[PDB]
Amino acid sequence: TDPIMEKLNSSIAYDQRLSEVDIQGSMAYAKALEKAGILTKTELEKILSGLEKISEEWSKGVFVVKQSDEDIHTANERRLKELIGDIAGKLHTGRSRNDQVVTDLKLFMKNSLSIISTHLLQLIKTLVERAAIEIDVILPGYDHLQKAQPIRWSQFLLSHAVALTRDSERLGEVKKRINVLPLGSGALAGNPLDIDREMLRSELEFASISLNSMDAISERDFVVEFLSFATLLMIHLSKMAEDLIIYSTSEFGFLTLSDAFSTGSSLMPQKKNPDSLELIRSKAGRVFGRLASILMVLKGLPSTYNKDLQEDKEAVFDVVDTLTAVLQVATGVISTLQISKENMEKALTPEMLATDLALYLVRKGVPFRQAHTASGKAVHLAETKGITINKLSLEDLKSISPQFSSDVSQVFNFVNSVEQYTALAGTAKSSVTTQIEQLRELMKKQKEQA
């Protein structure tokens, strides 16, 4: 009754996208009511005909929302009544807004996750395929954002792809629990008409049916874990965005975003602002905010239904839209960015091979400590000689350790450096090739699970 309460309760402004799933839920329910003998066959066919008409109206974008419609459910109900009359009312028999709305949200989320999966797998495939093509590129691997050791650019790309693949796996786990029918739980204690929930499951294409009515009505686990999945995915995208923003600075100069995913001024044509990456990074907080809100909404609520649960819709809709846009923007950025092999290569310095120099002695039998001490001495000798370690003479090296032989010159090669990492998961070309094949197979498995 209160005008402000009334405004707070209205959701027609944001839930119209539930139009089709809402109709589908009603068609399925109508068929079950008919089996239960609540509707005659002629009544069922009139209702289905009407519902199908409404579906088409939304599909064609001709549906007319009216001022009285406070939500999508009321709008669809008004339209069906207009089309078929009083018979429409029988559809509420044994059904509650409590199980009808949660059914709508799950069907909607199932469909959204299917779309998110497509965009996520496309992002992963884009990283994997670019890694395959640019597998010969080498640049600095960073630790504490300080140059540490040479790595293949592809090992970097794949590190992001692997993390995203775990997000895809979580997406599949979340979808599995979402794909469980809640309809037929009634208001709280179950459907009172011995409704055939297996028929509802089959009609709505859910994988199984809810185990307990009170739980099905009041739980929002599916909302929470979708938000947890989305937040972790965003954390990964924020790390990738941070990496690309830094690598795109003029200071690092490793890559340049395309005009399509950056902003700039005619005054400074070469200055490309990574708008795309900053947008992506920022959405991690926007999504995390939604996760935080729902956990707080649910914390400490008693059984069974409480109006507090209505906050679920806006959080889900926002995150679905955000991920859909963000994943596609990320695919665009990765597929269209331009790397500078020249600058990546020039960043490789002899100082980054001192560890390899110690490793060289290790493979000759020199103990860890002594191998490192000797390498350190080579570094110091080079310094006092005013040169770099790759330029010390063999005689220079032997003055530090007789274990240094002429083959030590092979240490001072950046390809030889990355090729030491043949153990699985490493940056050697063979290891990177293996990861690309492993990821291609994971994507295939996940693609079919979806």
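Positions refer to the first chain, counted from 1. Throughout, rigid core stands for the largest set of C-alpha atoms superposing within 1.5 Å between the two forms. Compared with the form deposited in another entry:
- Per-residue Cα shift between the two forms after core alignment stays below 2 Å for all of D312, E203, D71, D167 except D71.
- For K391, a C-alpha deviation below 2 angstroms is recorded between the two forms after rigid-core alignment.
- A423 is not among the residues whose C-alpha shifts by 2 Å or more between the two forms once the rigid core is aligned; its shift stays under 2 Å.
- Comparing the forms between the two forms on their rigid core, the Cα displacement of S405 stays under 2 Å.
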Given for the second form:
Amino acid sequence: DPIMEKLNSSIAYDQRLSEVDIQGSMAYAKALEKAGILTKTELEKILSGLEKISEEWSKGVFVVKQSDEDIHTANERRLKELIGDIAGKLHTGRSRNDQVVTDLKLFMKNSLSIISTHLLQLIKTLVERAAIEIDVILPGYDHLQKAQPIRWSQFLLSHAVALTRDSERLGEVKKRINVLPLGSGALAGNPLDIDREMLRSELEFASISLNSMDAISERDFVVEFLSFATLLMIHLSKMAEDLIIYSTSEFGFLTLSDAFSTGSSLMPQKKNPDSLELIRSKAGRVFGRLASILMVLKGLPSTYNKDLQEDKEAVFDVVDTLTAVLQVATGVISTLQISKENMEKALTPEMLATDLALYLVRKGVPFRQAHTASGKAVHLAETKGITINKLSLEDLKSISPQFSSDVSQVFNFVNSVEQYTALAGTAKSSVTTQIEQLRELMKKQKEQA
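Next up, can you give the form deposited in another entry of this protein, since the form deposited in one PDB entry came first?
Below: the lone chain, stripped of partners and molecules.
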């Protein structure tokens, strides 16, 4: 049945595993010779023939045949075409089962190294920008309503901190991915007493799988990777939402560069944040991949089943998505233009009523009564038609004798943010400390490779 054949066939996409597939075969071939299954000459011939395939794929000259069901079959066909019947001894004791997961894990390890580089660069970009714009203040929001003054850098660092947790998760996922599954056979293990330690060393895996059935049937490494990817996209979807809103003419806090926005010649001042919308939408694209693999795996019996073939397309899509999205995010953050003018202009006296209460608290007035007094000043100012920073000292003392002339220091946005010196707060000293901690964090994550 032609519909069955096409549906079962994976060559159209698993071709991307061409190079890692060859590497796993070179490693296995060398182990077969050490095991005496192949002669030294036979090994030379096989390795030389495998190097030719690698090049054919590398130059984009490899010819796929209608007969090729998967990349494994395709490569064995080509080898035989280049070196003859000796190519048939290469698959001795091996199965497509441990071969395919070996391929995928090598591919993922390479891909995770690339993702890490782009992820760390995004974090670095946010942190550097926070260091440069440390004096900029704007409103901090809750329920998307202006609450209090905060440093723009505190906002940037909040995203950087979350992204560092994603980087930490990436490292954890990479560790479990860096475990050799080759030599598990079809399900009960390799029957030729193959040297798995040699395979590990050759393919550069950190250790080898503990159980053959598990090694062959689990896709924990795929789910794990997809969970890491999804949470990372959630973080990006939130940063995107923040920046799209701040870029509105209504907010007017920042403007995206021409490279990351779209516009019209009829309305030259209108810039659409297409880049951020693309990023936000990928949270769903990536989550969908996580959702599908979890459902594919649910309730499946041991050991290998054809259902597992759905892993490949999900992993490739997410790898490419993450790679593209992280670079665009980096570009957006490094090239956007902020309006310090509009950010400061958005700060209002009404946002300092909480600070007025804290002024009383610092003088020994209980929390409740200080709250009540500040509320009274706010109301009194409203009835007089003025702002609280304009209330006369006499006005204030009519509400509380505790209000002294130094209360004028409350009505200053820099003074407001500087109250937050406790670790992690928005005071400049605290932001400075956060930047030092992140720089150290980036170093040890890059270090851990």
